[PDB]
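Asker: Here is how the chains run, residue by residue.
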Amino acid sequence: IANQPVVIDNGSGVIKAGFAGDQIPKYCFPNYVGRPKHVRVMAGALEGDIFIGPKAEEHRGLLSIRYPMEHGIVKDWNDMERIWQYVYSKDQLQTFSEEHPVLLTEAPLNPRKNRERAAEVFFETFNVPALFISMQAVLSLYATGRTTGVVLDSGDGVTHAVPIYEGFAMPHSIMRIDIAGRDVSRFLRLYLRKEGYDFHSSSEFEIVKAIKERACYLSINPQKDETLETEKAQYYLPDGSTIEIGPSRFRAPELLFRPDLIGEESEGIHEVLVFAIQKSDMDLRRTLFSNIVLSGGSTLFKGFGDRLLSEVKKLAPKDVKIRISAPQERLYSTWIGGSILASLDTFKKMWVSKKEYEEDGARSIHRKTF
Amino acid sequence: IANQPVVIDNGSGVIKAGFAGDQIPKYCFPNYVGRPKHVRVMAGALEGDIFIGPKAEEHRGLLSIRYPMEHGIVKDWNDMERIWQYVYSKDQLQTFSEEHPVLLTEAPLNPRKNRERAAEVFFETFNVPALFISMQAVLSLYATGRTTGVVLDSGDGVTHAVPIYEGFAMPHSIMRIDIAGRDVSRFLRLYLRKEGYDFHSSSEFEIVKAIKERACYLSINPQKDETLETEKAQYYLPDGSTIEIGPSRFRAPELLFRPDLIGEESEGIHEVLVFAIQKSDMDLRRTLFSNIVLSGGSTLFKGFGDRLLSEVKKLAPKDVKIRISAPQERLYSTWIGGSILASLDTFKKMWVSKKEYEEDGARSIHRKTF
Amino acid sequence: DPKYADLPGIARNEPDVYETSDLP
Amino acid sequence: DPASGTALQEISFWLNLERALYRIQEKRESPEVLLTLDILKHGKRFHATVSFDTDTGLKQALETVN
Amino acid sequence: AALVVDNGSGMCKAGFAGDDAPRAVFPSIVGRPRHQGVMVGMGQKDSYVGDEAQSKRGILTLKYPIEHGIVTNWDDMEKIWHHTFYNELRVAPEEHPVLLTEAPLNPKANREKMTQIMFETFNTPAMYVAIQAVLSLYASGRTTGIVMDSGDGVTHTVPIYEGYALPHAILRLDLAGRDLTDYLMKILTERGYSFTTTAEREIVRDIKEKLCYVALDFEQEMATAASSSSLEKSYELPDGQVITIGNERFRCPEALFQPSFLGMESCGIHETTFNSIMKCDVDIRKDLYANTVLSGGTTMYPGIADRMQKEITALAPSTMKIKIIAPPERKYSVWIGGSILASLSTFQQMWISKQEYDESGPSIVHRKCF
Ligand SMILES: Nc1ncnc2c1ncn2[C@@H]1O[C@H](COP(=O)(O)OP(=O)(O)OP(=O)(O)O)[C@@H](O)[C@H]1O
Ligand SMILES: Nc1ncnc2c1ncn2[C@@H]1O[C@H](COP(=O)(O)OP(=O)(O)O)[C@@H](O)[C@H]1O
Ligand SMILES: Nc1ncnc2c1ncn2[C@@H]1O[C@H](COP(=O)(O)OP(=O)(O)O)[C@@H](O)[C@H]1O
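Chains as they are written, first to last, in PDB author numbering: chain F, 7 to 376; chain G, 7 to 376; chain d, 3 to 26; chain e, 265 to 330; chain H, 6 to 375.
Treat each hint with caution, since some may be false.
[As the list claims (entries may be wrong)] Listed below are the simulated BS3-like cross-link pairs for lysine-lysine, each with C-alpha atoms no more than 30 Å apart in a straight line:
hint : chain 1 : residue 1 : chain 2 : residue 2
1    : F       : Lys324    : F       : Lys285
2    : e       : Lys308    : H       : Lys373
3    : e       : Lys291    : F       : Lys32
4    : H       : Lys291    : F       : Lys238
5    : G       : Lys319    : G       : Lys308
[As the list claims (entries may be wrong)] To give an idea of the interface, some chain H residues facing chain G are shown, with a C-beta separation under 7 Å as derived from the structure:
hint : residue
6    : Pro112
7    : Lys113
8    : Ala114
9    : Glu270
[Stated by the list, open to error] Computed, partial: chain F to chain G, Cβ under 10 Å:
hint : residue
10   : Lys43
11   : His44
12   : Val47
13   : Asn116
14   : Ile268
15   : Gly269
16   : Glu270
The set of hints was computed from the structure by calculation and includes no laboratory data. Note that beta-carbon positions come from the ideal geometry of N, C-alpha and C, so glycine has one too.
Using the sequences and the hints given, assemble the complete structure.
Answerer: See the structure below:
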């Protein structure tokens with residue numbers, strides 16, 4: 007039957023969820039499963055083995071965090087099943103899995119097997135009435151109130167650029183590169199090892215994520231700023247320690263614009279955006295340059311878009327008006343857009359029937375993938 | 007200068023030194039400062055109060071062992087200055103610390119301030135004409151005559167694997183975990199405390215080290231031998247007391263393959279090597295699996311190579327010729343390679359001249375060292 | 003706005019439109 | 265009584281038992297109620313939570329209805 | 006109907022489960038009289054145990070059976086257990102399960118022979134051996150915190166966060182109350198009061214329990230005690246003799262904070278707790294600095310929480326809430342916790358039944374201890 011549908015954004019690091027017709031995701035919690043790595047002696051301790059949810063951040067000094075989704079592709083399927091059940095848990099949604107149409111998102115160009123296996127989970131473990139899997143870009147266009155644009159996002163693990171012109175998506179112009187937030191944080195962790203801090207545990211890694219979200223900032227000209235010393239921010243650990251970052255506060259998010267630093271022949275995020283535009287036709291290049299829509303949490307770096315303008319302006323043709331729109335709700339654009347598309351009747355004319363899935367299987371979702 | 011440089015293998019356990027162009031380091035003494043804990047009463051007693059070298063080993067009971075280099079990082083600059091002066095004194099080399107170039111080894115991925123303050127000592131306290139800090143892996147390859155090969159070493163305190171394919175060291179595949187010989191010795195002390203034989207004096211921890219180096223065999227089957235019962239062979243202390251070792255002899259060196267025992271999530275030695283090989287490229291891991299070079303004293307356990315073959319065969323893909331190639335003068339391989347590098351005509355081009363450091367400083371050090 | 007406060011991370015005090023200048 | 269009146273009385277009975285008992289479990293899991301239990305144990309009234317659950321049959325009733 | 010026996014190196018606090026205060030509180034001492042060729046007549050025992058030996062202490066030789074948490078004489082400990090069961094509680098141990106308290110990092114032979122004796126000698130149906138710090142945390146009414154236990158023969162620190170222990174961050178120090186008794190005996194001999202035999206050790210420890218307090222600023226207190234004389238108090242021996250002690254009062258527990266006075270070459274109790282906190286995870290150190298719990302009889306010194314708080318305050322960072330918890334019932338914290346644990350509704354599955362010892366043997370204790 008069709009009750010109020012549920013939108014779930016499988017952000018490779020932060021999963022965002024809520025019902026359709028809403029206006030904000032009230033269920034935002036990081037994506038992992040934390041199991042304890044210590045010994046239990048005192049009866050009356052914490053509860054349960056796995057610790058998905060806010061309890062993880064509340065007791066991170068005990069857990070051994072494991073990420074289920076690496077680069078948008080799920081590795082530990084059992085963890086994603088536990089996370090999805092936690093989304094339907096009594097602390098997050100309280101509904102039953104056999105009650106709502108599910109609007110699952112997905113990073114573009116993910117392997118076929120990922121969609122297939124997600125279908126198996128949602129129609130065998132959960133017995134959902136309906137399911138639809140879509141691109142993350144289209145949703146951001148819904149949440150940004152537009153129809154034409156190039157959604158250049160940066161989730162926690164996959165950055166990509168999808169150029170959509172007047173609601174028509176151009177698949178051959180999609181550029182995907184697997185270097186996002188986790189790689190920025192991982193590279194920053196390596197820099198702190200060279201600064202003498204040796205963060206190597208799992209909880210230490212999420213402390214690095216907190217640093218990346220708070221102390222880093224992007225460059226404008228990394229040589230102008232490389233020849234001069236900087237602020238050297240003093241971040242305080244929860245323990246009470248004191249860490250200094252130095253020039254790595256701007257060298258850490260340089261990995262996005264240049265994967266040569268991490269030792270990887272790939273393209274910058276600017277090259278992804280510019281190529282994604284240029285892989286398309288010629289009559290549309292000017293309009294796509296005039297409508298660049300960001301989303302994704304790894305575009306929230308301070309001083310990011312200004313460097314993006316200097317970069318694309320350095321690459322795009324002469325005097326073309328490059329116009330980047332970056333809203334405040336970039337972190338939830340895919341969720342808000344999922345709510346917008348799921349709050350329609352075309353959505354009823356757009357999902358995949360449970361019966362039809364049982365009759366067909368993988369071929370059903372690969373036909374209705376767009 | 008028109009003289010010969012000094013190759014100092016600044017390890018954490020045995021600070022080996024000697025002139026360049028030699029074949030065996032003539033002065034091998036442990037890396038610790040011995041300060042007396044008692045009070046001298048009778049005249050004619052020993053003086054100086056800072057015993058280093060064979061004086062500290064000849065009289066351990068008088069002095070308190072203090073190590074200056076903890077996990078490859080210098081923690082006591084005063085003690086390292088005293089050890090360096092001890093190297094340049096008449097008891098070890100008789101030369102001057104201002105008339106010879108210095109080849110200073112260093113573990114990879116160490117903090118920047120270690121290199122900075124180390125060269126500050128050698129160029130401010132000592133006024134050396136030229137200092138060249140270097141990796142230990144490159145030097146081991148220099149001594150073995152090879153050019154390819156993955157150097158998997160394990161010193162007293164730092165384990166690391168630096169893959170090199172014909173002189174091109176990949177600076178991103180380098181793995182490094184601070185779990186080696188000294189920490190294994192400390193874990194062994196904990197095991198002996200669990201057995202009933204306690205040792206708590208600093209001058210007694212080296213007796214624990216001797217127990218580590220004499221009867222500690224690595225078993226091929228960890229849990230299959232853990233559930234069994236050995237014959238509990240004995241050991242003779244320097245006091246003359248007999249100690250039954252028990253199961254600690256095989257459960258203590260397993261820390262190099264299971265760092266969870268000490269209570270720290272990280273990888274084992276085999277996972278360090280396998281991940282260091284897998285972080286490289288596709289067209290290079292076959293030669294690297296066929297070229298594995300060991301080093302470090304913590305790789306001298308009984309059955310270490312056999313267990314490496316078993317673990318690597320469990321992780322490496324099927325039908326790949328694995329070849330572990332260790333040398334016979336394993337404890338001196340890095341120093342021999344340092345001798346070969348410093349005895350080259352090209353060595354004058356890659357150091358840091360004193361005038362260069364006086365002109366720039368730290369930037370020149372980081373510019374010329376890996 | 004409260005709706006853009008109640009959430010954990012939001013670009014507070016940042017220009018929303020990035021665009022090249024005039025003088026084509 | 266399992267034989268009292270109509271069968272819908274049994275249906276609504278067990279159904280409302282699940283709903284009411286779960287709401288009671290939610291009341292117990294509230295932060296102030298758990299703060300009361302924490303203050304009782306911190307004030308050295310050791311078996312506070314033990315006597316709070318054992319005296320009732322919330323676990324048994326929830327297991328039976330679920 | 007459970008029995009809680011707290012066998013320390015000093016007192017032997019025993020009683021029934023559920024009770025607030027223990028019934029049996031007596032010094033665990035055994036003593037053989039001065040064996041001479043002469044006779045005695047009209048009867049006397051062979052080895053006085055408990056208060057018998059404490060009152061007849063003028064001629065018998067006090068021999069503790071437990072040295073630093075290690076049962077050094079199983080026959081004397083068996084005599085103390087037989088005295089406890091059949092004379093202080095006046096109930097056979099076959100009708101009740103017993104609960105023993107051992108120190109952490111205790112050599113396995115004690116933990117196993119204790120079980121062998123409790124089953125083969127007394128025919129008990131169930132026995133469990135718990136760590137004293139865990140029970141102190143139970144009696145402190147918290148499931149999160151670090152316990153700085155200090156007995157007369159052992160002193161250890163065990164951090165437990167949310168009911169889970171950290172078996173690797175547990176330290177242990179043999180510098181406890183008996184060593185303080187020996188130090189006070191030596192300095193009282195230095196002031197002109199020779200307390201040579203073991204019978205005088207109870208008098209010097211009585212002096213320690215009555216007129217010894219922890220100095221806040223030891224150097225300032227020592228200078229004022231050498232300057233003024235109002236701090237010098239008087240004390241009466243069992244004889245009509247009266248003594249005066251000036252430095253000894255505050256200089257006696259100074260060894261706890263400064264182990265250099267006994268040549269231990271170790272860390273004081275404050276930095277032992279500090280190091281035990283630092284060996285934990287960086288995200289749960291706030292709770293440990295706030296829930297620091299003192300226990301044992303050696304923490305009963307007047308004005309010791311101030312010294313601990315000042316020392317940790319100087320060691321821990323400025324933004325931490327250093328809080329020391331010292332209840333007035335910390336002399337029986339281990340027993341109270343044993344009572345709470347034994348009276349729990351969950352603990353019934355945590356026992357070790359007789360048939361389990363009949364099947365496995367002494368090796369089941371390690372799989373059932375903690
Ligand atoms: N008021 C006091 N001030 C200082 N020290 C005291 C005081 N009362 C007792 N003590 C010391 O405390 C010790 C008591 O030991 P405790 O009560 O901790 O029992 P235990 O045998 O050490 O076993 P456990 O550590 O498990 O309790 C004795 O050594 C005694 O000297
Ligand atoms: N204020 C910030 N500054 C920099 N990076 C941020 C900030 N907030 C979030 N991030 C990055 O965004 C990531 C969140 O990933 P996200 O974009 O939510 O994935 P998805 O969008 O697919 O859910 C975080 O891991 C973090 O690295
Ligand atoms: N037979 C052995 N078994 C185990 N450990 C050994 C043996 N021989 C030496 N060691 C350890 O190896 C260490 C020396 O390794 P080395 O590579 O020389 O360290 P460094 O490079 O810091 O001098 C010593 O600490 C010693 O504990």
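Asker: Please go over all the hints and tell whether each is borne out by the structure.
Answerer: Tested hints:
no., hint, in the structure
1, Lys324(F) to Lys285(F), "18 Å, holds"
2, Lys308(e) to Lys373(H), "28 Å, holds"
3, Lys291(e) to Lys32(F), "21 Å, holds"
4, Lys291(H) to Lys238(F), "25 Å, holds"
5, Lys319(G) to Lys308(G), "19 Å, holds"
6, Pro112, "4 Å, holds"
7, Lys113, "6 Å, holds"
8, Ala114, "6 Å, holds"
9, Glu270, "6 Å, holds"
10, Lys43, "7 Å, holds"
11, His44, "8 Å, holds"
12, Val47, "15 Å, violated"
13, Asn116, "22 Å, violated"
14, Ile268, "6 Å, holds"
15, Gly269, "4 Å, holds"
16, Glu270, "8 Å, holds"
In summary, the numbered hints that this structure violates are 12, 13.
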